[PDB]
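One chain comes next, on its own, written out as structure tokens in the form deposited in one PDB entry.
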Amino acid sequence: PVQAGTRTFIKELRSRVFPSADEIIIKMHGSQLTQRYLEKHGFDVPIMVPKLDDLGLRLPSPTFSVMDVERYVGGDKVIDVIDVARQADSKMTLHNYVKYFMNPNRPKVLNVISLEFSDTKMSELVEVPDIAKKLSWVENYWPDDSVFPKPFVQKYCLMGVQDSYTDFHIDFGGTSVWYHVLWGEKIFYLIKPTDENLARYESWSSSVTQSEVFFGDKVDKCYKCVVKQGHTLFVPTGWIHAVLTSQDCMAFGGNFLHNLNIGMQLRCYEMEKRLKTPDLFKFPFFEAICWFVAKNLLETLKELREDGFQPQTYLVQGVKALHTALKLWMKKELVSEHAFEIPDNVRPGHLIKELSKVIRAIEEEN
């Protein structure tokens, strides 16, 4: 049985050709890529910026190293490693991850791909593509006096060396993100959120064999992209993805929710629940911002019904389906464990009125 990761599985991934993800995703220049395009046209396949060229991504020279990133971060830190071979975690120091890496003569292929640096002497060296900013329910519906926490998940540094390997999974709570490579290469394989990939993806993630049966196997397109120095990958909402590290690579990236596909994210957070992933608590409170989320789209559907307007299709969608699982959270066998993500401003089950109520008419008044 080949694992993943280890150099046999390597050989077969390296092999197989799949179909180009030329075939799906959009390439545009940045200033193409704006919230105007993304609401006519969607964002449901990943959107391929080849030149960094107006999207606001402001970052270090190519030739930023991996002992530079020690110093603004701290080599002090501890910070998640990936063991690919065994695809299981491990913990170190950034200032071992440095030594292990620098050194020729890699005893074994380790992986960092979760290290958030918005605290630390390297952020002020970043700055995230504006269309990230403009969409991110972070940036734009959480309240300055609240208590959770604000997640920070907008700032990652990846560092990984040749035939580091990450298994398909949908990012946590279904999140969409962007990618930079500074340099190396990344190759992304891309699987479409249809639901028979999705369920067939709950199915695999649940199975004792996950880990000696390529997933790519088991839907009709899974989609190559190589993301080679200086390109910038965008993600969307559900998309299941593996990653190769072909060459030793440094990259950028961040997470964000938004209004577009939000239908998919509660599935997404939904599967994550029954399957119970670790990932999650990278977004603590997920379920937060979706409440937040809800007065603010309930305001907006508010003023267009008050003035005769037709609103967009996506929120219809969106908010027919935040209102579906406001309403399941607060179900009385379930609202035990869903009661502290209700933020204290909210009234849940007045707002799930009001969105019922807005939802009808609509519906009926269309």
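Throughout, rigid core stands for the largest set of C-alpha atoms superposing within 1.5 Å between the two forms. Numbering follows the first chain given and starts at 1. First, how it differs from the form deposited in another entry.
Comparing the two forms between these two forms on the rigid core, the single residue of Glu116, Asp83, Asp279, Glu127 with a CA shift of 2 Å or greater is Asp279. Once both forms are overlaid on the rigid core, the distance between the two CA positions of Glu333 between these two forms is under 2 angstroms.
Remark: with the core as the superposition reference, the CA shift of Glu303 between these two forms reaches 2 Å or more.
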Second form
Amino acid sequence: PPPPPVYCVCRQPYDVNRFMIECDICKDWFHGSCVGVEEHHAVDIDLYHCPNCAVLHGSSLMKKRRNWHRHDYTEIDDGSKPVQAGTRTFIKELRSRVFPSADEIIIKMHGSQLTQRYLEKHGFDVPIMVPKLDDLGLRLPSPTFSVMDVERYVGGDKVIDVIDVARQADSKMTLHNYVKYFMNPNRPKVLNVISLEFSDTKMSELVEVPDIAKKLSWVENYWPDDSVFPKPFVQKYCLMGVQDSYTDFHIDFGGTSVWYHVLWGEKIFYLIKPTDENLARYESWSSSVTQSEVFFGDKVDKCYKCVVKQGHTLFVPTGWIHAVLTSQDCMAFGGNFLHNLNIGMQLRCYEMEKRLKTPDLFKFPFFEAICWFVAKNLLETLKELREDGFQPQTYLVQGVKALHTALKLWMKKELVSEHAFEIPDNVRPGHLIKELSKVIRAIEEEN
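Switch from the form deposited in one PDB entry to the form deposited in another entry and give that structure.
The next block holds one chain only.
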């Protein structure tokens, strides 16, 4: 009668859902949580020694650093192989690079001027900087709010996604362990936390997104509360990163627009305009084999450097390509949102993600689902407008049009089989597309 199979110091049966590491001495497996080993520490450990074996054999044999410019710091430091994104060398070169200032393109405003009316008239296609919090409708915890407070409200046991910046790889850690790492001024490595959405926590109550984001948001205006699909929550993110954290050039999921507020620290955004040329080069680079070794800021004509100091708020429009460097230990708040000002661009970005085979976890939850809802709503808003002697605004027309082309396409015989589980259970696809084309045709005639 053999003894039931158990592992680790806790002598528990295997649990394929928990992170484990193997002792090179006893050949047993251990829960990282039981022996104090984080998922990100695994790659640094060559041959692991559990606490028990270490007493007579010493601590784990760690891998040896031979360079400062590659994701694999063990590689010999000769001359072959270029500098990779996120490494110490990369950061040193980035800090000394010369960029045109973002002052050349962004718009500095007062919160009271940033309205829907203002964006419909001047458009929302260049980053907007709002230095003072006044009139934005943005509520945040006081400037004294610290990472320890985040733990206090969110709870130390929550599992968050962390990024090992020098490897440009991610893993999971408890908030408790992350705050513990952040509080020690002596960091063994650079770790960044960029996707801690807290709408579902006690912390959600301390934040109220900017009025302008709430006013324009698709989810805020067109997503039915009674829908069967789980409402997408990408409205409240808490960002924590130590000095030298770095996120490479990308375009927000679903072509969303974003707002960022630095509570303390300093962040530097490298902005690239979404011209057709830039978007093309971006998709090439994004899918290239040498991506990690090419600074995208060198593949375009202008890469603007935007310093966002604590207390400031930045809004970045649809499709803009940007990278971010954490200049100082930083805590920030931000959120994403879709709107009617640049539907075409939003759809363009969605399609690019499909081609690039972007993982489901890195996209706007129910993008097509919300696109149907919006179309259904805009059809009515368009009728009512004409049924009152009014000429719909050009951008809205061009937008609803772009949405028409997209919708029609998602139904094509060969395609329809995919964008199926996405179509909300209360809209008539064909009917909708038809009623749309009709109204578009009218405005395109009686105007």
